[PDB]
Every structure is written in structure tokens, then in C-alpha cells.
2 protein chains.
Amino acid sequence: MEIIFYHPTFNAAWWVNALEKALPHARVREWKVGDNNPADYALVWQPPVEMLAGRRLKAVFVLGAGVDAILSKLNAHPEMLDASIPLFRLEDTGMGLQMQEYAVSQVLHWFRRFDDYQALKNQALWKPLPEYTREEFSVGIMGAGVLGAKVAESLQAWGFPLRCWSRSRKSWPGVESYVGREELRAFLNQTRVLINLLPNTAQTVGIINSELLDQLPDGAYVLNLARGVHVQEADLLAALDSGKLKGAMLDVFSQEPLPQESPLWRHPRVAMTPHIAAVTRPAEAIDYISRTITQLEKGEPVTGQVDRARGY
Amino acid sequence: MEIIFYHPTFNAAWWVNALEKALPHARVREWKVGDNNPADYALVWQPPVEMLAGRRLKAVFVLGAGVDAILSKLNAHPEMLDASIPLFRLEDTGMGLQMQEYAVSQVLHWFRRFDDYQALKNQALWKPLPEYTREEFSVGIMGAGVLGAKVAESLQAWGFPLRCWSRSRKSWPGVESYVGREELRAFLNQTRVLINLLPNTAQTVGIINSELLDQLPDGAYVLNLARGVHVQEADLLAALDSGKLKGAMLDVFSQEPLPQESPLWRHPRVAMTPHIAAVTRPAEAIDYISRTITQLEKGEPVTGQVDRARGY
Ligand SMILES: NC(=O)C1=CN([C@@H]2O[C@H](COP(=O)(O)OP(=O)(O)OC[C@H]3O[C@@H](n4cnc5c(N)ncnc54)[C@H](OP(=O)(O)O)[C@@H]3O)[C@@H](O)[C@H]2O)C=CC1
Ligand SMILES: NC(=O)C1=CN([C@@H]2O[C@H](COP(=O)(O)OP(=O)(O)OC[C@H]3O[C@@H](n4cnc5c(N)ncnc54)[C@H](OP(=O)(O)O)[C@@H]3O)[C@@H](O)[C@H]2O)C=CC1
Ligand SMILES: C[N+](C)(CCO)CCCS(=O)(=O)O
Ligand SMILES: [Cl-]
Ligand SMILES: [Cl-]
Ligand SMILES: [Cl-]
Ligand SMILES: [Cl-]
């Protein structure tokens, strides 16, 4: 079997060896312009259109959790991937734990008011502050998927009330599930820390704007771990300077890297990480990919399929 | 039984009431200057020497985990607490959870390099940084006690290699136990994050000095949650500037409130909070104090006693 691989930042050599080692029957190769020789599978991330264009592939594996990049290309260039070719993505593969680290650290940080204590420090002002109660510090997670579930589970253990928002009702003990645009307002109602783990789709783009930010309590927080398009950077800045939002932390942005122009860099109550929240562990990825290929060759059940109708 | 109470900031009326209702046969009163009447028990926190000096009591209950306020004064004023008067403190009473909150948030903060990332945000600079591995990010807890154990519990759960330092051997899961000054250098050797939860005694005053810091590995971190006297502040700053230490977070200091002319305030790699890490939960304190008093009256054994021979 032939396998092509493309990724603009990963070490192709490592993945080439790793996959061949996992699939002894296979011939894996790094793809690059001019490579129009046959292939059965493709492992990708930010692939050029000429790569998949008109190719007969049994499956395409996206090397991350998000598939918006490739789905937006497939929409502006429908000749890239034929609708018969199943698409896969990485579910967890170590990103679960990394999201739990980030979320638990930062939800605790705001709850203990370390953000204020750093403010007060920079002025050189010793000033104790009243504790927040747990009942007033609810955690709302938009996107209750593979990653949202891992996060909500790490926070539940700490006694914070938890709620989640998704398109389908979830029945997790110790968590309250809000569903669809009808319940979005309710979900935002008593949510203190807004955590975003939504996939970027035509249906979620820009969902965090002035309209959404008004439905949150004053002194609320925003932890954006999904994609930059989800938030209106000018509307975020305005909700902080007004007092609707106590603080925020962002790992993704409108444009990456973020240009120095951006006022986010200069605002003091905005923490920023350069799109590094969760990355796949290559060995766990190799395990999932090789197993799914084994199972696809045998016509047996598989996981991680992208439903292109829903768009994620 | 007559009980006297004193606390500088808590609401005396509330405690008097709670205690009389936890102990129906007690006549409880707030102590104030001029009160020379007899008492059987005293509940105190940072009490003036005149309150206990000379008194015949069945017991003194210190309203916190640390007893140095009292003890530190005994050399010069043995009169304050006749050697025959048993002294008690507050073991956990909800402080365990608060320490865990603090420690998990910040250890995770430094591990995910959230400190570099804010420095980077402050230089309008987009720079992903290398990930630290769990194996190089050992956590060392000096003072393996009521609170230190709680913190070890919460951190070993994240898979950080853990170690503790105390005067007796501890047997905890996922924790390496180090004991006495003979094993201190070994304890410090590969400790990346040093968390201090020691009690203030003559043996520990000044423990975190230039020489202890040299025994740490390079790029280490200091989390001081115990007493301000435990750290030689000037040596801390030297270690931070020479690179030995990457960062520090402090809740306690030489003088509290800390003078505005102290350079800790401006060192960008020194987070600080105004002695707010953990406080007792009144109902839990009342529960303990009342039950202990009842047991003492029946000639029954009790817990929470300060070993005046060891000094904590
Ligand atoms: N470093 C970083 O910043 C990283 C970011 N990510 C981001 O995390 C996202 C989440 O990944 P993962 O948890 O694996 O994905 P999942 O697909 O398993 O979860 C997505 C969740 O979003 C919900 N959802 C999708 N659209 C809507 C909508 N229109 N309204 C309400 N809910 C919606 C889904 O609902 P339902 O359950 O009902 O179908 C689902 O619960 C990725 O798509 C990616 O953008 C991922 C990894 C790293
Ligand atoms: N808000 C704040 O910043 C607060 C700070 N604290 C501080 O936390 C401290 C600890 O509280 P808690 O855990 O209840 O106290 P414990 O007395 O239960 O723990 C102290 C630990 O230190 C060890 N120890 C004492 N002396 C030495 C020494 N010379 N060498 C090595 N180890 C030593 C003891 O060893 P061993 O087990 O062998 O006896 C014990 O494990 C308090 O004294 C207080 O100062 C407490 C509450 C709040
Ligand atoms: C000098 N006194 C009155 C100061 C009390 O702080 C000692 C009182 C003796 S007793 O009543 O406690 O047995
Ligand atoms: Cl790689
Ligand atoms: Cl992703
Ligand atoms: Cl009170
Ligand atoms: Cl204390």
C-alpha cells in the first residue's frame, strides 16, 4: 500500500519511519509538488490543492483535532477531494491531558484572583481581596466533545459548578448540558468562566462577539482554546475596558502570528499563548492512524470519521 | 468553663455565639485590654502578650496552622504560656484544599511556561517555546505535613515526579521521602519546583538562602507558602538574576505589609499575594476546638497538639 505525507512543520523523516514501522506492509513517502504517482492514503495538515486534487484515495487522515483548514479549502476548491473519500481526524491522542492542564491551571488562577494580585503587584500595592465562592464561579464549556469532556471532568473534580453547550444533549454526571442556539442565552446566564472548545464551522464563526459577551455576567472570563475566528478581537477589547469581562486568555487569533498592530499584545488583562494549547503526541497518532488503516482494509468499524455534512 | 477569645480581624460576636452553641455549658467572651478575670480556655490568633501572660489555663487554641506568633515570644516571655499549658493549632480545617488550589494552579502555570508567555506578550513577540517534560519538572515539598501532604496528593495526580522533605520518613504514593539535613542536598538536587510549607522554627529560619538555592538545579522555581522568615530575600533576587532560578511566587514576606521600597515588587519574575494562601473555615475550626475541649474535660486523648519540645 502507498501512503503520502504532508505537514509544513513536522519532521517528515520521523513520521515516515514511524508509520512504516507501524505498518510493515506499507510504503510511506513525503509528498511534494510533482508527486502525481498513485497512493492509497494521505496524512495531512494544510495541504495544497494540487496534492489531493483528483486523487483516488481510500482515506485521508488530518493530523490534528481541527479540520476547518482543510474543510474551508474543500469548499473554495471542491475539486480537491471527491465526496467519496472518507476523512479522519485525531481524537485526543494526548491533547486531552494538555487541555486539562491549561484549563485547570487558568480557572484556578482567576478563581484565586492571581490576575488582580499581579495587577496590584505592578503598582506596588499590598491589598488583600475577598474570596470568590464556588457557587458564583460556574464553568461554561462551549463544545462538549472529546476535549470538552476531558476538561469538564478535570474541573468537576475541583467542585466548580459545570455546564456545557453542544448540538446534542449530553448526560454526564455532575454537568448540566445546554443545547443549540435556543439555550445559548441560558448557558451564558450564570456562566462565570467561558471556555471555548468548539470546532470552526460556518455555524460557529464569530460566535464570541458583542452580542454574546453581553449575555455573560459582569466580571466574567473567556478562555479561548478553539480558533481565533470564534472571537471578535475588537469586541473582546471593548468588553474588558467596560467591565463586562474581568479577564481573558487566548491561544488562537484572527491571524497567526498576531501582528504587533493588534492591541491584544498591549492590553494588560489579556493573557496570550501562541497557538500551543494542545499538540498531538506523534506516537499516539501513529497508533490511531495505523489501526484505522488496518481496520479500513478489513472493512471493519473505525473511529474519528469527520461528518462532512455537519462540517466537523 | 469560662472561655476567652481574641482575633484581630474575625467577627468576635460570630465566634462567641458559635462557640457557646457548640458548647452549651460554656461562658464565652471576647477578651479585651483590662480583662484580668479567670478563664479555663483561650482561643487566640496573634494575641497580645498581656492577654496570656500570667494566666492559668487548661489549654490555648491557636486559630490557625502556624503557632510561631505565640512560640516566638516564649523565650523572652515564658510567663505567657506556662510549660504545663497544652497548646493546640488548626490542622487543615479547609486550608488543605486552599493550598492544593494554589499549588496546582501555579505549578501547572510554570510547567506550561505561562510565565515566559506573558513576558513574550509584553515584548509584542510571537514565539512558541519548547515543552517541558514531566520527568524534568519534579516538585519538591519542604515540610511534609498536614498541608504539604495535601499538596503532594493533588500534584502527584498530574504525574509530576514528587519529593518531600521532613524530620521523619514518609511513605506516600508517587512521592520520594527525604529526611533531615543529611538528605537535604539530595532532596534539592533535582527539584525543579520547590514548594515551602515548613513551620517557622529556629531550625528553619533562613533556610532558603544563597546556599540552598545553589543546591537546586538551574532554572528552578520557588513557591513560598509558609512564613516570610524562611526566605533570605536578597539571595532570592540574586538567584533570579543569575539564572539559577527562573521564577518565584510568594504569599509571605520579611515584613507584612511589604514596604513599597522592596525590589520584590518590581522584579517581573516574582508573583506575589498578600498572605492569602489559606484561611481556616470557622465552622470547621469550631468543630475541632469544641470536640477537643469536650475530650480534654473527660480526660480523653486528643489531636492537634503542639509538641513544645520540637517547636511545632
Ligand atoms: N492548540 C489548540 O488551540 C487546539 C484547538 N483545538 C480545537 O478544539 C476543537 C474541539 O476539538 P474536539 O473536542 O476534538 O472536537 P469534537 O468534535 O469532539 O467536539 C466539538 C463539540 O462542539 C460542538 N459543536 C459543533 N458545532 C456546534 C454548534 N454550531 N453549536 C453548538 N455546539 C457545536 C459539538 O457538538 P456535539 O457533541 O453535539 O456534536 C461537539 O460537542 C477543535 O475543533 C479545534 O478547533 C483542538 C486542539 C488544539
Ligand atoms: N496563608 C499562609 O501562607 C499559611 C501558611 N501556613 C504555614 O504552613 C505551615 C505548615 O502547616 P502544616 O502542614 O499544618 O504543618 P505541619 O506541622 O503539620 O507540617 C510541618 C512539616 O515540617 C516538617 N518539619 C518541621 N521542622 C523541620 C525541619 N527542621 N526539617 C525538616 N522538616 C521539618 C515536619 O516534619 P515531620 O512530619 O517529620 O514532623 C512537618 O512535615 C505552618 O507552620 C504555616 O507556617 C499555614 C497556613 C496558611
Ligand atoms: C496578671 N493577670 C491578671 C494577667 C492576666 O492576663 C494574671 C491573671 C491570673 S488567672 O486569672 O489567669 O489565673
Ligand atoms: Cl514532529
Ligand atoms: Cl487541532
Ligand atoms: Cl468571621
Ligand atoms: Cl497560618
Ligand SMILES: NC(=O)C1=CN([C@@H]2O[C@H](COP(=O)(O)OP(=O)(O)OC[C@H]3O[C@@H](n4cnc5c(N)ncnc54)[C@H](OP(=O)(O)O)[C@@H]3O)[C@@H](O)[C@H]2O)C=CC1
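Here, rigid core means the biggest group of C-alpha atoms that superpose within 1.5 Å across both forms. Positions refer to the first chain, counted from 1. First, how it differs from the form deposited without this ligand.
- In this overlay on the rigid core, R134 has a C-alpha that sits less than 2 Å away from its partner position between these two forms.
- After superposition on the rigid core, the Cα atom of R281 is displaced by 2 Å or more between these two forms.
- Once both forms are fitted on their core, a CA shift of 2 Å or more is seen for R56 between these two forms.
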Given for the second form:
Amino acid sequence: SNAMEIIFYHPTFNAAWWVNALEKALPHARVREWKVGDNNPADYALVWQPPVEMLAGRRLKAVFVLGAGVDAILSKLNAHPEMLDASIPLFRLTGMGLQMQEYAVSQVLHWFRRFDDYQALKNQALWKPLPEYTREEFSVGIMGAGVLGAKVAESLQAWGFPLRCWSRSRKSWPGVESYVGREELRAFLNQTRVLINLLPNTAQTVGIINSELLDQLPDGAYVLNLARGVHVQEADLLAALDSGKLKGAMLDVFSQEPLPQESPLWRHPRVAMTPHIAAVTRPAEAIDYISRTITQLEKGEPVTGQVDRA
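For comparison with the form deposited with this ligand bound, would you give the structure of this protein in the form deposited without this ligand?
Chain only, nothing else included.
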């Protein structure tokens, strides 16, 4: 023919910027942003929250999901077996431990040094040095196995906080007490001052952070949600913040995103919020991965990052 055709679709990224970087990364490719009504052939598709008509009936060499988190797309494909011929390989971008570390280390220290309290004191123009928290009473509990959790634990134990992790599978991270299964969840929660959620999702963790879990945390605890919005029952979180069970929370993810303006979370004085930016893959990195993987496919070499479509 024989030009390589690539199509690109993202709900909120700058298509122009991505099309460009892609053109320079794969100079021998024709890249174009996909728009409704575009049924001209393509060899590779780069997508996030793609509509059905973009991929339905397409013959493609591969689809690249623009982000980690294949749960959303897999369910659209599984609820629409007709959206992507099941023989087409699907890929995902996780090398973002650093980003998580930055976020968690900043906030855990922020809370440890009572900057949240000091900000409230500032807003009342009240000079009041507060009692200091001991490292011993400031235990960190990470929920979730996987590199992100492992990286976050590593970076926090370096500051001397007691660390514990909880997962369904038994684990052995250096300098961390490992708790396993719903059987050991209470023991884990009882001893955790700062609860950090880094669970990849599961049917078995939906709404896991609800009142039944919050009740086992010691009073004056904190919740840092870096995993999935559906892991937190928002009404229960707010109730725990209002009763004093929780001193504070920081949430990067929400049950519904963008979080509707109507949500009271926006309004709570002891909730901090970030619009799902804890760890985004740098486009340069994303582009390097995608171009590298396309090259391996064109040459029949081994690839990495393929998502099994169980």
C-alpha cells in the first residue's frame, strides 16, 4: 500500500499535541484524530473512553488504551462483544511509582506535622503551637498489593513511620507488617492512623471503605484515596469526618468523575481533593511506549503490556 494509519481519540487531552508527538515518534506513520463518521481504515487505534462506532467493525493490528485502568474499557467491550473483534490485541501503558510516592509522602507528612490544623488556626488568626505527634502513633496502612503500594510503603518507611499493608494475597515487603484477607482486616485497621488505598479494583472491594471499615480505624485517623472512587462510600466517609472518627481525608478519585458540583465533598473543610491526577503517564513516556510496541508488532518481536481479555 503501504502507509501505516493510526487513529487517536481522547475525551479531554489535546488531540493536536498528541497527533504531533506521534508523528515525530513514528515519522513513517499517518496519524489522525478520529471524529464521528470517520470509517476510513486504520492499523492502530489509541483510545480512552472510545465510543462504540470508533472501533466497531474495524480491522486493526492493535488498540492502545491511553492510561492504566483497563476496567472501564473491558466492561464496555464485554457488554458490547461487538465493539472490538476479540482477536485484536489490546494494550495499556505501571511505571508511576514516583508520582504516587510524591503525593503520599507530601500528604502523610502534611498530616503528621499538622499543617491542616495550622491552616485552620491561620484562618482564625490564632497563634497556637500544637502538641506534636509521635512517629509511633502515626502508623501508615496501605491497602493493595502491586508496585504502587510497594513503592509508597518503601518511601514512607524511610521517614520512620510504622508500616502495614493489607491485601487478599500474602506479601513480604521489607520493613512492613503484612496482613492478609478479610480475616486480618480488623487487626490491620485497628492499628492504622493513616489509611492509604492503593487497591487495584475487584468485585470484592467495591465500597470497601464504608462505615464498617471506618469504625475499625482509631479516632483521629486519615484516609488517602489513590485507587478507585467506587472503593469509597462517600456518605460514610463524610459521616466519619463529621463524628471525629476521621481527622482528615484527601481524595484523588471519586465514585463519579468529574465529581458532580452537587457533591458535598467539594464543601467539606477537612477533605482535600485532586481531579484524578495522582499519577498520570507523561505523554512522552506514553508515546515512547506506544511507538516501541508498534515497532515490535510490525517486526514480530515480543511485546509487553498486553491486556488479557479474559
